[PDB]
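Trainee: Build out the structure end to end from the sequences listed, making use of the hints.
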Amino acid sequence: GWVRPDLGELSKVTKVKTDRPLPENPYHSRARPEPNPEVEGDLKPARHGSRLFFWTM
Amino acid sequence: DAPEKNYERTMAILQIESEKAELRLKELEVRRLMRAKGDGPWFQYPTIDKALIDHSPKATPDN
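Those protein sequences? They're chains E and W, same order as listed. Residues in the first sequence are numbered from 1 upward in steps of one, following our numbering. Residues in the second sequence are numbered from 58 upward in steps of one, following our numbering.
Calculated directly from the structure, the hints in this document are not laboratory data. Just to be clear, a hint being listed does not mean it is correct.
[Said to hold, decoys possible] If you want the footprint, here are the derived chain W segments under chain E, 3+ residues with CB under 8 Å:
1) 65 to 79
2) 96 to 102
[Said to hold, decoys possible] Pairs of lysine-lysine, DSBU-like flavour, derived with a Cα cap of 30 Å:
3) W:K94 / E:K44
4) E:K15 / W:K115
5) E:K44 / W:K115
6) E:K17 / W:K115
7) W:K115 / E:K12
8) W:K77 / E:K44
A virtual CB, placed ideally from N, CA and C, is assigned to each residue, including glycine.
Mentor: Put into structure tokens, the structure is as follows:
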């Protein structure tokens with residue numbers, strides 16, 4: 001009493017219930033480096049203009 | 058012009074130029090430290106973005 005699978009049935013994707021814990025780190029990745037700080041704050045006007053040689057603005 | 062007007066005009070001029078000079082020196086030292094350490098927003102050469110990574114299960118498990 002075994003019925004053969006139809007066309008397209010053995011390629012179906014199923015769900016498996018098992019008792020093993022999920023591996024937290026399968027890739028054995030090290031600690032990630034600290035990211036750069038993000039630019040924040042309101043944009044004030046430039047202090048004393050261009051500050052390039054003699055230019056006052 | 059009055060001598061007092063020239064006096065206080067000179068003091069205002071000197072204050073403005075001293076502030077600009079100190080800011081220029083601070084800019085030079087900031088640029089040097091930022092280039093040496095690399096942590097500031099300047100001299101941030103781009104690397105490869107990580108949104109181009111395919112995280113689906115591939116056809117071979119050992120990857």
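Trainee: Hint by hint, note whether the structure agrees.
Mentor: Quick rundown of the hints versus the structure:
Using a Cβ-Cβ cut-off of 8 Å, 3 residues of the segment 65 to 79 of chain W lie near chain E, which meets the minimum of three, so the contact claim holds. For the segment 96 to 102 of chain W, the proposed coverage by chain E is satisfied: 4 residues have a C-beta within less than 8 Å of a C-beta in that chain, meeting the threshold of three. Between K94 (chain W) and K44 (chain E) the CA atoms are separated by roughly 26 Å; this keeps the pair inside 30 Å, and the hint holds. Restraint check for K15 (chain E) and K115 (chain W): the C-alpha separation of about 17 Å stays at or below 30 Å, so the hint holds.
A distance of roughly 51 Å separates the Cα atoms of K44 (chain E) and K115 (chain W); the hinted pair therefore is violated under the 30 Å criterion. With a C-alpha separation of about 21 Å, the suggested pair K17 (chain E) and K115 (chain W) falls inside the 30 Å cut-off, and the hint holds. Of the supplied pair hints, the one linking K115 (chain W) and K12 (chain E) holds, its CA atoms being roughly 16 Å apart against a limit of 30 Å. For a cut-off of 30 Å, the pair hint linking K77 (chain W) to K44 (chain E) stands: about 16 Å separates their Cα positions.
The structure does not agree with numbered hint 5 stated previously, though it agrees with all others.
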